[PDB]
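Note that one protein chain is taken out, while the other chains of the complex remain in position.
Chain IDs A and B follow the sequence of writing; residue 1 opens each chain.
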Amino acid sequence: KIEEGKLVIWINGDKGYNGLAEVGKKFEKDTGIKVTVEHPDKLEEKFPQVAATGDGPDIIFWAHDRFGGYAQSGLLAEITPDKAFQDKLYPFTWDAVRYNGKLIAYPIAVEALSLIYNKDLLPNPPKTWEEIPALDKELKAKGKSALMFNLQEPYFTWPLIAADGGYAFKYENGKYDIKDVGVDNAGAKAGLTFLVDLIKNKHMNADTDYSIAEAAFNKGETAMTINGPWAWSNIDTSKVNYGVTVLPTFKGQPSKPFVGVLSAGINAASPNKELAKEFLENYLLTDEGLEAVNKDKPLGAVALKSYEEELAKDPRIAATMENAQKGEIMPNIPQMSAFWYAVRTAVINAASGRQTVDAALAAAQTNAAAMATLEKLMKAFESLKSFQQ
Amino acid sequence: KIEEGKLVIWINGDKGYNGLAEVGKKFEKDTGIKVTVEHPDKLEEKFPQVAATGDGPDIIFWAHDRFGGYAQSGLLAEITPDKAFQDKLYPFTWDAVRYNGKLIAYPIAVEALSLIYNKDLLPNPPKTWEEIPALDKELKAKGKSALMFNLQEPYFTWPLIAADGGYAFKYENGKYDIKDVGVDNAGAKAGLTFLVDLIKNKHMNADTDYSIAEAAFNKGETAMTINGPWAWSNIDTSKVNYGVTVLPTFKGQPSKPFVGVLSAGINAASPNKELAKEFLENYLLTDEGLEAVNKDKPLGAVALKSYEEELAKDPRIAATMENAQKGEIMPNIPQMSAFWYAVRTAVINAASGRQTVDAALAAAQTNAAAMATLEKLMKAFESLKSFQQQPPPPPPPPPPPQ
Partner (left out) sequence: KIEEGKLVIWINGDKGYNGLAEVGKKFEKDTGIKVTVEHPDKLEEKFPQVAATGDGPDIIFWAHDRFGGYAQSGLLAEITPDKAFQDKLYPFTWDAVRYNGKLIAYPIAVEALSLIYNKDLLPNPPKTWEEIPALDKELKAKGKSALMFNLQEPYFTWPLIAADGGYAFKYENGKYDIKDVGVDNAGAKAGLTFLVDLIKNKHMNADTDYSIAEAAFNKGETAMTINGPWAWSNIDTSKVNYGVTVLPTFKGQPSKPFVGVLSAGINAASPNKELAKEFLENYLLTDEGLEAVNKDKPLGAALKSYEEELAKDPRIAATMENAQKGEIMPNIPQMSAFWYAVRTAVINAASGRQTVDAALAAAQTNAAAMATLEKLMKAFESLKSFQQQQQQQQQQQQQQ
């Protein structure tokens, strides 16, 4: 039901969940200790319930952004690897799995937006953000346009918002700083400034969302979109000749897109911690391990320095990786959830004219901190009340 | 409300804008840039409504205390005055036009509380409290009190409470230690302890606010009262031979009144800021720039050193200026509103005899420091829930102790 003498891995239904059980068998063929990968529905939500009673999986596969829940909630064993092993991945990926200093997951793959352009329309794409109105008046003449991506979401509008100085919090020494909301600076100010120009300079429409936009790339009706690897197959179907690259540097400085690291945390309740350790280190995080997990469902950039260079032959993959190095690791705290919506509102207020540049960002910042007290206070009410009962 | 090639100023409609509008033409005369000056009822309320959409006036006049609200709201521009021009203004005012680094406005006119006596009654004032008892009893033999002032207002009583070591928050570099309130302390402890004693020693009363106290002074029923420049009109009308001078000291320290400095800021959204920095830096802050503005309706004292001297000849002004230089450049930070009211509680219960000095003040920490979060938190809740089994119930009431 729960336990011991074998591993019960969890990974989201849509991942290389077979390609992993392929590896999980390579394991059984060497140790004599069985592996059982499962993929239940709401599997990111079930976890805490069953870990609260101390049951479920020995290990958990998921984006790092969620474990800061589990790890805080107390549901992750602080894993210790070896330095000469921690040197087999990439430097930053280990940062996506810190908590209080305590490493709590093994990174697997990477997730980041990259510039996606039409090969049949652009040579050779824009080196920077600064000359994209110049590129656009050329193509708005052909019936087309230069670029189109979502504006009803930070995650997309963030890479540009950051670029020049704007952060979210301050990761310091394995330590996120929740009283340092990196939005109300000239870096994130002049980022957002630049953007809402091409909105009112008519290089982009205000109500441009994920679907309406996406579709228009292919087509080829718009010349560029900013999107992540999870999009490719739709474009692949359109035939539409496309390439992928490092995002347009802004003010000379590289863009800062969020980084989503597929992780594999080991359960605090797991009695098989050793076995899992071995499984992940000796078998999964080998090349041919991720040669088996990619080959079911592509992983984008992987964490293994080792087995990134073999996948790097693919141009589309190398750009993802470079981007995710010039990227900015997505935070994993509670405050995150709450931060999102303020900026989600800030940009939606700036894009519309409801407010301006310097205003909406103040409105998030101070807010962000204040609103957080409400979310934190409510947590007590829920925890308090419940108990009393 | 724009563009572009002209500025639009707003100023309170009791302030001498005619003098400011008189700069309008004399400035418009040398540059061509037409200037229209407006007194829009509720501007200090209205301004954010418009400022935060890409509008408003181009530059704004108001007390520095409300300029915190604006700067945080990212509404005012960081202005960088060339460049040893700061030396042509009083050093302390620049600690009313600053926000976590950002020098957020141009300070014009210093207001502040002062000591006004009845020259015709008590010819030469006390420079200390202590002898106020001695004085009430002295004049009582003529059927008049000695001092009477708004007890009901901390703003008016704070000077005293603070005198010995009390403070709002610890300022020290465009920065206040928001957590560190100074109403706890041993300074303020002994401060109010005096004021309290004054009431029960029969010297003065509890029901002593503006109305009663102005009536009482303006008829010559008391020797001295504590008031700002605003009352000046009314005592002139009630034909008294009055005199404003520096506030009585207590326990050997100057009284720390509350310094409010009229500042002029610039809409951070406005297309033409460079003009305000020629208008304000080059024209409005002159001798006959401020002069004219003052000459409509008196500014109070002035943040400028030069025309301060010219005005300092009138003692009343010189006293106001001096009082400010003994005071605390009133915190513009937003939990100041919470600070306020939670002493207006403390000083009353202590005054009524319902509580003691040491009790109230201490509890004041609870008045401010939690109402601070509740004030801003209660505001955030709406903004979030406003624009944008099935759980345990909503407050605004949460739960009781056990």
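What we mean here is this: a residue touches a chain if its C-beta (ideal position, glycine included) is under 8 Å from a C-beta of that chain, and two chains touch if they have at least 3 such contacts.
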Absent-chain contact - pick from B:114, B:323, B:335 or B:355: B:355
Of A:122, A:190, A:269 or A:302, the one touching the omitted chain in the full complex: A:269
Selected from A:12, A:18, A:31 or A:72 as touching the chain missing from the view: A:72
Residue, one of B:93, B:323, B:335 or B:367, that touches the chain absent here: B:367
Positions on chain A where the hidden chain makes contact: 51-54, 72-75, 268-269, 373, 376-377, 379-381, 383-384, 387
Interface with the unshown chain - residue positions in chain B: 184, 345, 349, 353-356, 358-359, 361-363, 366-367, 369-371, 373-374, 398-399, 401-402
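By definition in this document, only the chains that are shown with their structure count from here on.
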Chain A-chain B separation of Cα centroids, rounded to whole Å: 50
